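*Asks:* Each chain, letter by letter, is given below.
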Amino acid sequence: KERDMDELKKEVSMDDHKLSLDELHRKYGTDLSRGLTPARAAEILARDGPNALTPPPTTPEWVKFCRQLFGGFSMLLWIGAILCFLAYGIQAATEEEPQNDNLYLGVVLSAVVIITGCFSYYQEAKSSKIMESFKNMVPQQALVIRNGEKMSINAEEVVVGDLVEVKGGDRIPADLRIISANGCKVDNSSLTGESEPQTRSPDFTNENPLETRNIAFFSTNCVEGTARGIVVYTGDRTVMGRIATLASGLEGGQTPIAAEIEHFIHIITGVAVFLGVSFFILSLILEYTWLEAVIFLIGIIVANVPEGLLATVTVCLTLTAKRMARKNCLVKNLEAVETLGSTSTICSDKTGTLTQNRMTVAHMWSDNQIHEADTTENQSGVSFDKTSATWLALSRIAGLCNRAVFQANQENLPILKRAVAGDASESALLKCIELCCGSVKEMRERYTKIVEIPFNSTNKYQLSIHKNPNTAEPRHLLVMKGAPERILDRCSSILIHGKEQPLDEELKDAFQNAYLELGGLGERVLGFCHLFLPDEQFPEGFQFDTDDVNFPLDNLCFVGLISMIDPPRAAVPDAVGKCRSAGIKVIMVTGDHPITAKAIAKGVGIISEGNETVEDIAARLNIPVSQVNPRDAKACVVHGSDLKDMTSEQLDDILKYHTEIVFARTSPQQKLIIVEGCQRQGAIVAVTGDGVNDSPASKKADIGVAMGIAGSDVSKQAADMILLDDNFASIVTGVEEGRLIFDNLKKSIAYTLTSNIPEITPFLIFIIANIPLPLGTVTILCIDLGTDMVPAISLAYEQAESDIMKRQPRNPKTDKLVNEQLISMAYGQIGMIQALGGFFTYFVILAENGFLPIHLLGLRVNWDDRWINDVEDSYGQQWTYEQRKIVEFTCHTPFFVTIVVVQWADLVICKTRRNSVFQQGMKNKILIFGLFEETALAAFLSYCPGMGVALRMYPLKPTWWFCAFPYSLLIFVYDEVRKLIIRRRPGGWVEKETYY
Amino acid sequence: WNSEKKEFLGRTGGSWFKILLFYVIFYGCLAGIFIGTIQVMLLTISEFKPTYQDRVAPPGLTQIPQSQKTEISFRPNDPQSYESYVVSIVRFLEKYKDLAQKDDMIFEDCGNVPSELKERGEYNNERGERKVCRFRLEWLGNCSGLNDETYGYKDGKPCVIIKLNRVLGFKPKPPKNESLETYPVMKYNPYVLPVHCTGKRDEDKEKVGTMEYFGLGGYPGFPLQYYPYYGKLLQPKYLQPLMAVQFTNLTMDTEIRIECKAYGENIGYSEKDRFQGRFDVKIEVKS
Amino acid sequence: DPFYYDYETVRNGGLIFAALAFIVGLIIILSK
Ligand code: BEF
Ligand SMILES: [Mg+2]
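Going line by line, the protein sequences match chains L, W and Z. According to the working numbering, the first sequence is numbered sequentially starting from 313. According to the working numbering, the second sequence is numbered sequentially starting from 11. According to the working numbering, the third sequence is numbered sequentially starting from -11.
Simulated from the structure, these hints should not be mistaken for laboratory data. Wrong hints could be hidden among the right ones.
Claimed, not checked - SDA-like, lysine to any residue: derived pairs with alpha carbons at most 20 Å apart: (1) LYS1304(L) / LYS217(W); (2) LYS183(W) / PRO238(W); (3) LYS271(W) / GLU222(W); (4) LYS20(Z) / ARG638(L).
For reference, chain L alone in the conformation it holds in the complex:
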């Protein structure tokens, strides 16, 4: 009944946070200031379980290696070796030579099965072994209170419903019900994606117990303050404890390629058993007792195998998986490498993901004008004009007025990405000053802080006073910042280019309208002001005090506003610009708030300028939000509040009828089903995140991306891809590659499949026209797996024949990898001519030696007989056995030189799918190298000494080499006049029957 358990986890959690504290203390049985007794605590700690997640259920065995060894393709090869070790146990009835032939073939077929199955099980194994690997932890010991006495014990001895105190720096040990607090802010960035730090209070505030305040969460560290809270949930009963466990017991789904692999292995075995049978039939029809009539059925089912299309496939990938390793996009498993170029909808989190979660100076107000700071991580943008007096004033204000200060080793690091102890704003500010206006080291030590005033409870202000270092006016300096409405109430004088002014109601509303215009933009705004002090009423030596107002709190001199926001990663925006140009849908999923999300979505390009929401059209016409029709709004903001009250077809209607979509305040659980609604369309989905909120959404995405440094430890542990530098422009390079590996692969398959026509037809017509054996199996072993190895590798470093990012992402049901026209080419057409040149190689040899083509019919009979040493040719010559067999093996080996010959013409016309090969050229070096090695190898194999002896290949007379020429030629001609009529006639017939 654990499927009923996995279905109470996709449901949004619930609780009992909203009680009177007396009711808390009555249901759990514990004192709110004394906790409980270490008897009752050693009672409950063994009653359920130590406050500890269960360790990962997955701790797998290695005998599942067998599955790779098996399948459908490797079986045929197991019936291959079995039945060559059988033929050889059969070859023991005499004195026989297979001390260097057929024993060696079963072990060769034994080895492809075993070496091939060591390679794939190491490919999909990385998914099992290394895709669940994110660990580096410090165990944090909790501050519990028990029988009155504050005792710090290890994290695990904790139980449910006893008292725990936290402070600044402590990790929340589990999930608490705050009964007391004081200035306590915590960071729930990791569990809910909440950006800035949320304060905490015993009072019941919301209802969705997540955003409520009377509750803390496991894995969230408490930022400041101190509080007291009773334990509600312990161990795996936590919220986050429900989420890793729903992250780990879901299915990765299958990558867009292996399905073809299996459906491929199916066709090879079904035309292999089709042939093995109707010819098993015909060989018992003719004569071969049940003994060599089954040995042929080995000769063929085994010969039909592309023995080394499997290493040409494996590298076809490695090299894509390498080019992607060059673009800072790392894949644990080699087949997620193509996933991106086929994606149609990208999901992305705001915080930690799209953004750096670091409050930054965006826009500023001075001289009734608005100046956009620089908001990038690497300083590639536009710095404002910094020469006027308003700014130098506004600047020393912020720079002196702060509790923020740098940390020890922050010197070489970028001034932005470096650590700061202090508030978020006092961080953002401190940063844009040390940036725009020189150093603040000698600027905060130049002025002597007499008395300061931190942030208050009533009104909003922070102020301080210092002496005058200036030589013009020795008058005291006074500075303060606060909200724009409560400071406007206490201010009057104005500042411009170095001279003051008062508040006119004309510019007071151009201020009330550049505060609601910079603040409806999502940025958070703060008013900065200063005032000299009447150095006549307060002398140059009077140290004031803090009990009273010691200087005018009014008639102040306001300088300028200064806006800030959590800004995006620098590479983000262009990166999004790319994903749309490629037609990808882009949807924003965040647990953040609908106004900071809406601002963040409008500023990154998910939501283009000038699209209006259901709510933006309803407030512009001053009508109720219920009036507007939902078809005229291209975009839409969907609060997660309507998002719990929704079904499949409604969502189905949202995704269909809205281009630019953004979801807000959606639980981690809610991000999964989002990926599962984008996957009820049949599209592909790439999920990219920061904290544990994206664990289930990276888990059931077709491919999940994590963040390498700003990434937590469980939504990294599910992501199928990693952005180590947190460079988000790395995704731009990944869509381009999964769409290029796609096309270059289509070339790699078609190379080796064409070979499987001049590999088989020999073994075919053989039993047909009952001729002697034209192509040995030792030979089929060095085409599939010997010489083509390196040609079919070089074909996947091929480049882009056109503009790859111009076309749209592929369609999975339509645009297939291996489709029925690629077939119509390799087997249907190109391999046929490959058979026709090799076969022609066959007849030229046996005829020039003595056996006319017309006389080899019905010959194999007397031919394959070891004790008919007198066999008459069309010239009447009597041939012993090892003599005439010598002529077969030297009709095996030249058939193999002829194939490499045509596999030239086929390696060059497969190199380009559409373009003429004088348009794409031979710029590929490896492919040049691949022709030279695949030929030097083949010439090394024939003429190498003792080659007839180990392998039974003999050296070639020369006149033989040039029998695949006009065939490799005509082949190049056909596919080239094909790749030109499809260049001149796009509209049908020529392009539609062939194009693969």
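Chain L is fixed; fit chains W and Z with the ligands onto it per the hints.
*Replies:* Then chains W and Z with the ligands, alone, in the frame of chain L:
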């Protein structure tokens, strides 16, 4: 479930006739080429000459009862015990009867004694169909040497014909009168090509055999007046020499081994091919 | 005799070829 589609066969039946007619036009061209290529390559095969023959350099000594593994195993009693081996000899020599060889237009009566080589011009077609030397069952005494004394064929004591593979043109050279150890053989080294058999090869041998050789005019080898060979097309119904060896004093219920080598400069032996230059048979006359 | 073929010659020559084209390939993949 895609086999049947609304008014369309399997995979887009609608454009059926296109795909097929393309596969009928293409393959019939693929064929009209290849066959052009083969028909070319048959125009270059010299009509009367095989271009390469080096691979038959040391010809080989065969037998008439091409047994399963060179073992003649039969019961002197059971008529069927030997019918296999014998029918083989019967048929093997079916083409050899003097009356099958009647018309004289294509046949010619040569010396009844081993003569020099019969050069008939050059291997070309300028000359007309050349004549074939004849061969009369006599020259093989006892074993198939006429109806008299051989109803059984080896029934009592075993005997078998050895034959030289035909090799076009081969002018067999016998070893000179300075014979580099050629065992017991008479001084007719000029116009013949000898052979001689042995129980085992070159160490200690279970020597059990008295041999008697039947030949043309009574020699032990191959006559020189039949060579070289000029080919089927030139020489149809040609008959190459046969030579017979008979084992008389043989242990019946024991199996021995016998190697028959042939000697001369024009003959070679191969370690990996025991049927190149020599000849091997095991025997066992069980009863 | 047409029954003797200079096997050792085209061998020593097919391996020169196998030596030449492979190092040209060693030349091509290393473009500096
Ligand atoms: F982390 Be996202 F803002 F949901
Ligand atoms: Mg986040």
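*Asks:* For the pair supplied as a hint, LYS20(Z) and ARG638(L), confirm whether the alpha-carbon distance does not exceed 20 Å.
*Replies:* 19 Å, holds
*Asks:* Between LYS271(W) and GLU222(W), is the straight-line Cα distance small enough, at 20 Å or below?
*Replies:* Holds - the C-alpha atoms of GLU222(W) and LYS271(W) are around 16 Å apart, at most 20 Å.
*Asks:* Compare the distance between the alpha carbons of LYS183(W) and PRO238(W) with 20 Å, and conclude whether the hinted pair is satisfied.
*Replies:* 11 Å, holds
*Asks:* With a cut-off of 20 Å on the C-alpha distance, tell me whether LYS1304(L) and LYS217(W) pass.
*Replies:* Status violated; Cα separation ~80 Å.
The structure shown violates just one earlier hint, number 1.
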